[PDB]
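Protein chains: 6
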Amino acid sequence: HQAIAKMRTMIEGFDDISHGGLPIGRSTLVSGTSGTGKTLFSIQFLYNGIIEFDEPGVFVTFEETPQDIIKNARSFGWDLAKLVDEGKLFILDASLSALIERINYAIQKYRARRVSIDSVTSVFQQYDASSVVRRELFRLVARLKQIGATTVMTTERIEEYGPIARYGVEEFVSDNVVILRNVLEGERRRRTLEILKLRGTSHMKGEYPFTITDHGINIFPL
Amino acid sequence: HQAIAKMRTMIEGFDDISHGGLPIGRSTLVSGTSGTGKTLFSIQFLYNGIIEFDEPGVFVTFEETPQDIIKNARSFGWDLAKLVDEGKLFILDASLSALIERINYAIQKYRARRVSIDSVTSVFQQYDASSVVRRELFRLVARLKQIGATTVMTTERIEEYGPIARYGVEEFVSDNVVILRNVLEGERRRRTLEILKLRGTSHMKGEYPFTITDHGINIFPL
Amino acid sequence: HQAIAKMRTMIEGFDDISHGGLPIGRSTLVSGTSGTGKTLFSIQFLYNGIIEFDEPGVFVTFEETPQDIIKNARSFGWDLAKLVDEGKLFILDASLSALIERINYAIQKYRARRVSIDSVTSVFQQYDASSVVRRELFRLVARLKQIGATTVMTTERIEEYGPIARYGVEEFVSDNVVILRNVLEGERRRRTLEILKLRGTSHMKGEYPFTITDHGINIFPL
Amino acid sequence: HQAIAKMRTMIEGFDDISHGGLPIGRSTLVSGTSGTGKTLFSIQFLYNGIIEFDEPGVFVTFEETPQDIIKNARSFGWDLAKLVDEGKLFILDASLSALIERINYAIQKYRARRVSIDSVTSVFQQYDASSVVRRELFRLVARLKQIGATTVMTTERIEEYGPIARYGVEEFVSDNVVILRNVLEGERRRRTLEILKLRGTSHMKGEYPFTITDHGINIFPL
Amino acid sequence: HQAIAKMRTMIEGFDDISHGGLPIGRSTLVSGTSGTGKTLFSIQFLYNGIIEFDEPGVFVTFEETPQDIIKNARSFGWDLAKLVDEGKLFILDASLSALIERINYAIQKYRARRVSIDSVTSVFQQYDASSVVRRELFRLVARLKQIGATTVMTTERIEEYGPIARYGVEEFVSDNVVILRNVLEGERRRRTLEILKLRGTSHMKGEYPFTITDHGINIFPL
Amino acid sequence: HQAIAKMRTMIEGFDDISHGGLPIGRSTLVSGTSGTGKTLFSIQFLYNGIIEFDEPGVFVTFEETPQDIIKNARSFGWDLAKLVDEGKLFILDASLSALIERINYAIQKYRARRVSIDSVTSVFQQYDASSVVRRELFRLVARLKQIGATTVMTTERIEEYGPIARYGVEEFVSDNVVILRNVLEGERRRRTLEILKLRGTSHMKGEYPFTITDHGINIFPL
Ligand SMILES: Nc1ncnc2c1ncn2[C@@H]1O[C@H](COP(=O)(O)OP(=O)(O)OP(=O)(O)O)[C@@H](O)[C@H]1O
Ligand SMILES: Nc1ncnc2c1ncn2[C@@H]1O[C@H](COP(=O)(O)OP(=O)(O)OP(=O)(O)O)[C@@H](O)[C@H]1O
Ligand SMILES: Nc1ncnc2c1ncn2[C@@H]1O[C@H](COP(=O)(O)OP(=O)(O)OP(=O)(O)O)[C@@H](O)[C@H]1O
Ligand SMILES: Nc1ncnc2c1ncn2[C@@H]1O[C@H](COP(=O)(O)OP(=O)(O)OP(=O)(O)O)[C@@H](O)[C@H]1O
Ligand SMILES: Nc1ncnc2c1ncn2[C@@H]1O[C@H](COP(=O)(O)OP(=O)(O)OP(=O)(O)O)[C@@H](O)[C@H]1O
Ligand SMILES: Nc1ncnc2c1ncn2[C@@H]1O[C@H](COP(=O)(O)OP(=O)(O)OP(=O)(O)O)[C@@H](O)[C@H]1O
Ligand SMILES: [Mg+2]
Ligand SMILES: [Mg+2]
Ligand SMILES: [Mg+2]
Ligand SMILES: [Mg+2]
Ligand SMILES: [Mg+2]
Ligand SMILES: [Mg+2]
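Protein chains in written order, with the deposited numbering: chain B, 15 to 109, 123 to 249; chain A, 15 to 109, 123 to 249; chain F, 15 to 109, 123 to 249; chain E, 15 to 109, 123 to 249; chain D, 15 to 109, 123 to 249; chain C, 15 to 109, 123 to 249.
FYI, nobody ran anything at the bench for these hints, they're computed from the structure. Check before you lean on any hint, since a few could be wrong.
The list treats identical chains as one, so a pair stands whether inside a single copy or across any two.
Derived DMTMM-like pairs (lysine to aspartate or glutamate); straight-line CA-CA distance at most 20 Å [what the hints assert, rightly or not]:
(1) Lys136 - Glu69
(2) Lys232 - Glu214
(3) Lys232 - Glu212
(4) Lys20 - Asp82
(5) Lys172 - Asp82
(6) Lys96 - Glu69
(7) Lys172 - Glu78
(8) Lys136 - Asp107
(9) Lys232 - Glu187
(10) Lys172 - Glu77
(11) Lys102 - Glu69
(12) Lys85 - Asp99
(13) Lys102 - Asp82
(14) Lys20 - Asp241
(15) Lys232 - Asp30
(16) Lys172 - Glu128
(17) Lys136 - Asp30
(18) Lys232 - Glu100
(19) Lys136 - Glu26
(20) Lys136 - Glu100
(21) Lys20 - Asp68
Build the full structure now, drawing on both the sequences and the hints.
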């Protein structure tokens, strides 16, 4: 009566609203506007995995250099430089088949099953039509599932209440969709987290407030 | 005073609001946003048919592999692998004339009159103009009606309250239209099912709540 | 002080709100979203004419086969097969000059003055620009007026409260415009009928509810 | 302190809200959706002029034949056929320089200073860019002013509360702009008339109700 | 603590809300929909300057002939023909480098430092991209500032509450922006004047009502 | 637990809501509509730096000449001419690699670590696609970070509540985003300042009123 296994992301409150955490072997799409916490979410997923379960991670980035990410993480107190030196964490700088080959090579070398992709929207900006975007996204998700590494891919969206992704096709390809919203009402911004869908497993429905503190993302499972 | 015959879908509450179930020999278009339950609807239609009436089914999929669908079904407790091995269910992996020929060949081989199409939107993404989309959709619906197999085709739409399909032409070709809506109000999502039209037979008018539980879709015929 | 003659459509309540029925020799444009009753309106116009005034009719269809229309009509109790066999009704299957020639040939052969066109939108989908759409629509309307047969042409529109037709030019060519709206409010759908204009004769202003029952369209002239 | 002369249109109530009627020698743009009364306005202007001041008129039409206009006018009791036979009224059927030459020739032949243009939007549909539309409209208005005949040109607009014309450039070329609106509120339509501007003379500001009765347009100058 | 000099426009109430009038040597962009008073504003600026300070002016027009402008001005009681004959006012008929050369030649010949441009939108209609529009507008503004003549350039906008100009780039090039709005509420139109910005000097913030009377524009500095 | 250093902008109240001021070595994007205070913000940043910390600055401008900026600054009482003569301030007139080379040359020559860019939107207007805009913006930001000079780049946006930049990609490239809004409500304009994000450091959330007085921008840290 159950055939889905989940690995805990160890993010405070996210496992409660995801009913066990992120499913193992499936690629999640985390979408939100600028300043919501996509990069922080993808960094904290890998960092918590490495700290708790001793499971290494690979963080592929396109819009940032590794040093900037390390400084932003040390802002929270996470010494990612020590993890990179010890080999428990890998950071890949690519700034599509070659990217998948490099990710697979890193996964095999570091014996890591956890992947975070900071910006696939920047990669898809090169392509023109949304059909090609869907094809490339499906190819990447299929390769990630074949490898067997749980992946958190973050994409950018324009409007707080509108299409889940700018192209509008990301929501219909990824197995799991998580949405971060920075809603501006009454001249004040509020952060909300929503689990749009989880193919093959139950999850909470609605939006729940969360705060980006000095220790990382903290979701309130009200 | 009546010349329309209907086969029960055995979905809890859907037959009550459809006034006898899905008409026999006509192709339905089930449209909704991501995470509403189109794939689950198409899977449950075939599974309930096979279990109750011993009527085999063919499930043609484009955006997923058969193994993923089997795992997602086993999440509900449906052992689709046993049905596939016994021959009471067929799953087709195509990832347009060749597709119709393959569907007809499967129908003839398995002596099955029930077809589910998980994503024709992905197929239509290749075409550019909406006129070509209408032509291909009409060709597929005509072939399905000529074969005589009741079909449930699922398409993707962007906005909860907007065009029935992304191209806007699907609603005017399919004989029957069913709409699943995932409405986000008050930072909470609500699932609703609507029967937009049934060419040649009566149906309930409006939208009715439904829930995706661990046993499948359950519609409340209030 | 009057130079306009009208033939009664015999639709329950439509003659009351049209102040005498559809004008003779002019082509009406019946526009509405999917599931509103355009095809049923065009079928009932011809059927009521044949039954009451013994005036034969021609029903030209593009998106459907004659057999499907006959079955949908028999759902209401209308034995259109008997009328077709007796010659009192003709059904034309075209699935633009050749179409007009065929319609004129059918009109001359069957001595019928009543024409219904189920989908000119599908024909206009081939053309690209709205100017060509306007030119073709004007040509068809002029030919219909020259023939002298009262015509009911049905077109498709996307939004309940928006452009009268998808191209936006149909309203400015046809002499008479009738609008069927399927308004979704409070998670319930309501059917309304409106007479946008009647060139050269008075009509009621506003929208009136109507219901599609088992006997056909029934408008309430409140 | 005044250098503008006005000719009364004799339309009931329009002269009161226009403060003396339509200015002499300037071309008006009457814009409204379908079924508002543009064609009736242009016909009644010429008919009232001919009846009262014995000043002949020229009515150039593109979307209709003269016979249809004559029948629609006789619906109100206006025997335009007698006026055409007597030479007090001319009707031109053109279905851009040649059009202006023909209008000037008719004006010279019939010694008439009053012109109505039923559809310049249909003519402008041939052109692609709005700059060409503006150029052609300015050329026509300049030619009409050089001839010295008061002109009422009617154009089509899509939305009740939106751009004054479909192209959006008509309002900035014509000296005078009149807007007819058919507002649908509470499932009921209401007719309103507005004078957007009169270059060089004062006018009432706002919108006033008007009714199309069996005698013609009747505006209430509240 | 101050390095900006202003010349009074002598328009009733505009100097109060502009805190000293239009800055000397800078080009203003006056934007509004049709019928708001852009042409009247540009005419009254020059006329008041000539009458009060004996400072001649140049009025360059594109959408109108000089005679029409003279008649519209005489509607208010302004005998612009006498001023043109005396040489205290020049009217230029151009219906982009040649235009600037002609304006400079007129400025040098008539020893005038005041320029009004009635329609640069019509000139920019020839260009396709908004980048070229920005380049040409910047070139014209730079030439006007180099000449040293205070200029009032009027542009056309479509929506009452939307982009300041149709192209959306005029607001970011001109040093000073004034907006005239004709707001339609409650079936009544209200005229409002706003000073969007004044580069290098203070101004009132908000919108103030104004009326176009028989003596010209009159702003209420509430 | 902290690896981010900040240099105070000395703007009244901005350091309080930014929690220490602008981060050192990162490029900020200040976005707002016309008349909000982007140019004044970029000028005041450099001027306050030079006055307080004796840290020279470079102001690169595209839409204005240096003399106009000097006059607008002297409107506030800032004698930028004296600073330019003394060498404590440099103003660059460029009216993309050559621009970066010139900025680096100025930085090296004047031993200044502070840069303000008045209009990169005008530069990006030359490019067509938003992908090229993103690439050029990322290149410029990377070069600025490599140089090590704190930069304030100002971009233009159309709608008060809409995309952060006109292209919609600026918000996802710059490390820090500040938004100035000129909200028109009740026929009155209100100025608000918001810090959308600060990569790697905390900041206040919401919008706070600010006023452009005769001494410069003054933000109220309520
Ligand atoms: N130490 C911290 N304390 C609090 N908030 C922090 C801290 N460090 C970073 N942030 C938050 O990080 C946010 C922006 O950084 P983040 O990495 O989340 O960006 P993002 O949403 O992924 O951006 P993008 O869309 O450009 O990829 C800011 O809103 C800020 O509040
Ligand atoms: N065992 C389960 N219990 C409850 N809900 C489940 C279960 N398995 C799946 N779901 C539901 O399935 C939904 C998504 O899966 P589903 O197959 O319905 O997608 P879909 O709407 O067809 O997607 P797409 O638009 O990508 O084709 C989630 O919202 C989740 O709630
Ligand atoms: N026997 C019946 N009793 C009640 N309603 C019926 C019956 N037969 C058909 N209908 C109605 O017919 C509607 C759809 O069929 P119809 O022929 O009116 O479509 P349509 O609006 O012309 O479609 P399209 O836009 O695709 O041309 C349904 O909403 C259904 O309620
Ligand atoms: N005798 C009449 N009594 C009342 N109303 C009439 C009469 N004759 C015509 N009408 C009115 O004429 C209107 C449509 O005809 P009209 O000539 O005004 O069209 P229009 O607005 O110019 O159309 P288009 O946009 O297609 O050019 C209808 O709304 C109808 O009410
Ligand atoms: N003597 C007058 N008394 C009152 N109002 C007048 C008078 N003369 C002209 N007007 C006003 O002039 C307005 C239109 O003329 P105006 O020159 O202001 O047009 P505009 O806004 O510049 O037009 P466009 O956008 O076509 O350039 C009308 O709304 C009218 O009220
Ligand atoms: N001395 C001053 N006192 C008050 N406000 C001033 C003063 N000088 C300039 N301003 C303000 O400057 C604003 C416009 O100048 P500013 O340099 O801020 O433009 P901006 O927003 O950068 O423009 P753009 O979008 O064209 O680049 C006006 O709204 C005005 O109120
Ligand atoms: Mg980020
Ligand atoms: Mg699915
Ligand atoms: Mg139909
Ligand atoms: Mg008309
Ligand atoms: Mg004007
Ligand atoms: Mg500025």
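Intra/inter-copy verdict for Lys136 and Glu69 if alpha-carbon distance must be at most 20 Å
within (13 Å within a copy, 48 Å between copies)
Given identical chains, is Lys20 near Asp82, meaning Cα to Cα at most 20 Å, within a copy, between copies, both, or neither?
For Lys20 and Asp82, the Cα distance is within 20 Å only across copies (15 Å; inside one copy 31 Å).
With 20 Å as the alpha-carbon cut-off, assign the pair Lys172 and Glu128 to within, between, both or neither.
Within one copy only: 14 Å inside, 30 Å across.
Pop the pair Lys136 and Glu26 into one bin, within, between, both or neither, using alpha-carbon distances up to 20 Å.
Answer is neither; intra-copy 30 Å and inter-copy 51 Å both fail.
Check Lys232 against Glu214 for me: Cα-Cα at most 20 Å, and say if that holds within a copy, between copies, both or neither.
Cα proximity of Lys232 and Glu214: across copies only (9 Å, versus 27 Å in one copy).
Homomeric proximity label, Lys96 with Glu69: Cα distance no greater than 20 Å
within (15 Å within a copy, 36 Å between copies)
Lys172 and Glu77: within-copy, between-copy, both or neither at 20 Å Cα
Between. Shortest inter-copy distance 14 Å satisfies the 20 Å Cα cut-off; intra-copy 24 Å does not.
Is it within a copy, between copies, both, or neither that the alpha carbon of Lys232 lies no farther than 20 Å from that of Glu187?
Cα proximity of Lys232 and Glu187: in one copy and across copies (18 Å, 16 Å).
State whether the alpha carbon distance between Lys20 and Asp241 is at most 20 Å within one copy, between copies, both, or neither.
For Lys20 and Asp241, the Cα distance is within 20 Å only across copies (17 Å; inside one copy 27 Å).
Can you tell me if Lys172 and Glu78 fall within 20 Å by alpha carbon in one copy, between copies, both or neither?
between (26 Å within a copy, 12 Å between copies)
As a check of your reading, is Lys102 near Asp82 (CA-CA no more than 20 Å) within one copy, between copies, both or neither?
within (19 Å within a copy, 31 Å between copies)
20 Å Cα cut-off: does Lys172 pair with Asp82 within a copy, between copies, both or neither?
between (29 Å within a copy, 10 Å between copies)
Comparing the model with each numbered hint stated earlier shows that hints 17, 18, 19 do not hold.
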